[PDB]
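Peer 1: So the chains spell out like this:
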Amino acid sequence: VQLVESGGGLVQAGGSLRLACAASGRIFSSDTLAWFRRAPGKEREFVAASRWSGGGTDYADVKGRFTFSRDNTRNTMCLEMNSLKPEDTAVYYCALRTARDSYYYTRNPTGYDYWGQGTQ
Amino acid sequence: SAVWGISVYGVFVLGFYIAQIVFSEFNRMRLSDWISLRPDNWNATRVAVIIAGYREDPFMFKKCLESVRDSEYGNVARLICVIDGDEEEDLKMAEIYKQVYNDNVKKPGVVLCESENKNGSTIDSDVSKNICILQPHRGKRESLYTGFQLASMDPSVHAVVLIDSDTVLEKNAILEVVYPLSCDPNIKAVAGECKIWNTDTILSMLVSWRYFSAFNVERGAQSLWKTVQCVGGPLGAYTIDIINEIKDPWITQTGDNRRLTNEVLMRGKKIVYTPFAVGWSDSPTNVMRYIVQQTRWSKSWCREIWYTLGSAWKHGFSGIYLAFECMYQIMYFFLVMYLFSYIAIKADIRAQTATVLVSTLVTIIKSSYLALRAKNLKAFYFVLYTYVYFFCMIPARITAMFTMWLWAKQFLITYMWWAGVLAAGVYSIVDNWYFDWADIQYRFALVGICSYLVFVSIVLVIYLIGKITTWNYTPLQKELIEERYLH
Amino acid sequence: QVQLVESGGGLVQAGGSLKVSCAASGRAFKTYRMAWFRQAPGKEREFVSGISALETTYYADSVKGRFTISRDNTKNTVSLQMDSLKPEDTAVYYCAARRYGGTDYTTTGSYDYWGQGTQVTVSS
Ligand SMILES: CC(C)CCC[C@@H](C)[C@H]1CC[C@H]2[C@@H]3CC=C4C[C@@H](OC(=O)CCC(=O)O)CC[C@]4(C)[C@H]3CC[C@]12C
Ligand SMILES: CCCCCCCCCCCCO[C@@H]1O[C@H](CO)[C@@H](O[C@H]2O[C@H](CO)[C@@H](O)[C@H](O)[C@H]2O)[C@H](O)[C@H]1O
Ligand SMILES: [Mn+2]
Ligand SMILES: [Mn+2]
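Just so you know, the protein sequences line up as chains A, B and C, in that order.
Residues in the first sequence are numbered from 1 upward in steps of one, following my numbering.
Residues in the second sequence are numbered from 121 upward in steps of one, following my numbering.
Residues in the third sequence are numbered from 608 upward in steps of one, following my numbering.
Among these hints, one or two may not hold up.
Said to hold, decoys possible - Examples of chain B residues toward chain C, derived with CB under 10 Å:
id, residue
1, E215
2, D304
3, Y462
4, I465
5, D556
6, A565
As the list claims (entries may be wrong) - To list a few chain A residues with every Cβ distance to chain B over 10 Å, as calculated:
id, residue
7, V1
8, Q2
9, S30
10, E45
11, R51
12, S83
13, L84
14, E87
15, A99
16, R100
17, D101
18, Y103
19, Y104
Calculated directly from the structure, the hints in this document are not laboratory data.
Idealized CB from N, CA, C, for every residue including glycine.
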C-alpha cells in the first residue's frame, strides 16, 4: 500500500485546508488509516485515525475542528482542517496500520507500517 | 386406493413445507425487528474468529482469510487458525496464513485436548496477536477444541465465530451472526446462511438451491422455536460460556457440529438462525462423492437421534416441533419408499403418471417459493432435484442404515438401487406395451408422461444454454475464476 | 395375438337376461381392448359394447342402460351381461380384440382378432 497526500500550504490565521491521501493497493476495511503531524523538531504527533470501514478517533488538540472522511470507493481519504491556528501547519503523514499482527488500536506511530511523504 | 395414497403424499409433503415457510417468515420478521433496533456502528460483543481446516485449496484458503480480514465488524479480538497437521505438506496452509496475516505460526508437538493441562496458555503466550497452530492430525473436533481453548484464554472475549477454511464471508457476516446473541439472554448460538457459489455443474446448481431451501426454510422454521440444528461449520456464532461448559463432554464423546448443537440444546438454551449473515462455500461436483457425503450425513443424523429427541424434551412446549420434524423425516423417507414400491410392482400407467405429475407440481410450487424468496429465476432449476434425490439420497439413506470390499460398503447399494429402478421401468414398459387412442385414460397417461418429458427436456435445455453463456455462474464464481486465471 | 372362444346364447322369452363370455388364449390379455359386436340376420355387424385395457365401458344406442360389460384378467375372459332383451336383440354375438388402435373403436376393421360367434335369440 502506497500512500500519497496532497493539499496544504500557507494559510493566514483562521481558515480551512483539505488534505487528500490516496492509497495505491487494496485496503482491508480493518486497516486503521491515520494522520500524523510533525512540527519543526518535536516528534510525530497523532491528530486523527479511523478504521477503513467505520470508526473515528480525533486528537484532543484537534477534536471538533478536524473532520476525517473516507471514500472507500476511490481508495482515498480526506482530512478537513477548519479554523486553522499557527501551531499546526508543518507536516501531515496519513499513515496506515494493518490488522495482521493484531486487531488492537494503537494510536502510536510505531504500529503504522505504511507512511506517506511530508505535506505542508 | 391409488388416488387416496397420492393425495396423502401431496398433503404430507406440501403442508409441512407450507408450515415451515410460515415459521421461517415469522423468524425473519422477528430478526428484522431485532435488527431495526440495532444502533449504527454496533460493536458490543468481543469476537474471536476460529478457522479449522485440513489441506484446503491454497487459493480458496487465501480467499477465506482475505474475506475474514475484509470484515466490517469493529470488535474482533483475534484470529485463531488451527491446521490438522504439522507435516511438510501441511505447511502450505501456514505459508498462506503468513501471506495474509502475521508470522505467528506455532507448531506444538502435542494435541491440546489429549494432554493433562488443556489450557490454551500451554501452547500460547500472547492473546493480542492472531495465532496459527500446526497441530498433529486427529480430526476436526480436536482442532476445534484447540481453537476453543485459544479463544477462551482471553477473559474479554464474549463470543466465538466458527467458519470453514473455504468460507468466503460477506463484509457483514460476523456482525449478523453475533448480534442475535445479545437480543436474548437464553440464545447461546446463532447459525448463519451458507451459500453455494460454484454453480457450474448440473449437480452443484441443484445442490445450491437445496442448500438455500434447507437453510432458509428448514432453519427459520426451527429458529422460530429456537431449536436450530448443526450450528457452526461454515458460519456460526457460539457464546464463550456455553462452549466453556460443553467442550469437555463434546470432545470426550465415544466434525458435524450436530453434537455441539445438541449439547447446547440439552441445557435448555435457545439457538436462532439469521438469514442476513452469508458465507460462501462450495459443493461436490461428482455424483458419487455427493453420494458418500450424504451417506456420512445420514449416518451422523441416525447416530444423533436419541440425543436430539432428549434435547427436544428440555423445552416445555417448544421442541415438539423438533420431535415432529425428526419423526417427519423418517416418515417421509418410508412414505416415498412405499409409494415407489407400490407403483413400481403394479405397472399401472395411470398411477405412475399421476405420481410423477403430482411430484412435479409440488416441486414446481417449492421452486416458485424459492424464486420469490431469492429473487432469482435460477431457483426453478430445483424442479430437477427430484432426480438427484431419488437417485442419490435414497441409496445414501439405505447405505447409512445398512452400515451402522471398500467399494461394496460405499456403492453396492447405490448400484443395486439403480438396477432396481431400471428393472422396474423396463417391466412397466413391457407390461403396458399397447396403444389405444380411443381410451381417454390411455390418452391422459400418454399425454401426461410426454408433457413431463417435454418439461424436463426444456428445463435441461435452458440449463445448457445458461451453462454455455455462463449465466448459471454466481457473481462470486465469476470473480473467483477471473482471479484464478492470473493467480 | 389372441384366440377367442365364445360361450352363452340359447333362447330367452322376453324381458329376461343373458350372459355371453369370450375367453382369449393369448399371451398378454390385460393390454387388449375387447369388444362385443352383433350381426342381425338381415343386417351387418354392429358394435354393441366394449371395454378398454384400463377398464372403460362403451355401449351403443339402445344398449347403454341394458347391457353390462366386464373383463377378468386372472382368467382371460370378457363378459357381456344383457339384462333386458328385446326381439330386436336376436343376433349373432361375436367378440373382437385389439392391442394397437386409433380413435375409432366402433368399426369392424378396428379390431384384428375375432371370435366365431354365438347365436343369441329371443322369441317374443
Ligand atoms: C428404463 C427407462 C426407460 C426408465 C427407467 C427410469 C424411470 C422408471 C424413473 C426415471 C425418473 C424416475 C422418477 C424421478 C423422480 C421421482 C420423484 C420421487 O419423488 C420425489 O422424491 C420428489 C420429492 C418432492 O416432491 O419434493 C418419486 C419417484 C419419481 C417419480 C421417479 C419414478 C421413476 C422414474 C420415472
Ligand atoms: C430410519 C430413517 C431413515 C433415514 C431417514 C432420515 C434421515 C435424515 C438425514 C438428515 C441429514 C441432514 O442433516 C445434515 O447433516 C449434516 C451432518 O450431520 C450437516 O452437515 C454439517 O456438517 C458437515 C461437516 O461438518 C458440513 O460440511 C456441512 O456444511 C454442515 O452443515 C448438514 O447441514 C445437515 O443438513
Ligand atoms: Mn475445498
Ligand atoms: Mn468445501
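Peer 1: For each hint, tell me whether it holds in the structure or not.
Peer 2: Structure-based check of all given hints:
no.: 1; hint: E215; in the structure: violated (70 Å)
no.: 2; hint: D304; in the structure: violated (59 Å)
no.: 3; hint: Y462; in the structure: violated (17 Å)
no.: 4; hint: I465; in the structure: violated (15 Å)
no.: 5; hint: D556; in the structure: holds (5 Å)
no.: 6; hint: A565; in the structure: holds (8 Å)
no.: 7; hint: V1; in the structure: holds (13 Å)
no.: 8; hint: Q2; in the structure: holds (19 Å)
no.: 9; hint: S30; in the structure: violated (6 Å)
no.: 10; hint: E45; in the structure: holds (25 Å)
no.: 11; hint: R51; in the structure: violated (7 Å)
no.: 12; hint: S83; in the structure: holds (27 Å)
no.: 13; hint: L84; in the structure: holds (29 Å)
no.: 14; hint: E87; in the structure: holds (32 Å)
no.: 15; hint: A99; in the structure: violated (7 Å)
no.: 16; hint: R100; in the structure: violated (5 Å)
no.: 17; hint: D101; in the structure: violated (4 Å)
no.: 18; hint: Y103; in the structure: violated (5 Å)
no.: 19; hint: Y104; in the structure: violated (5 Å)
Hint compliance for this structure: hints 1, 2, 3, 4, 9, 11, 15, 16, 17, 18 and 19 are not met, and every other hint is.
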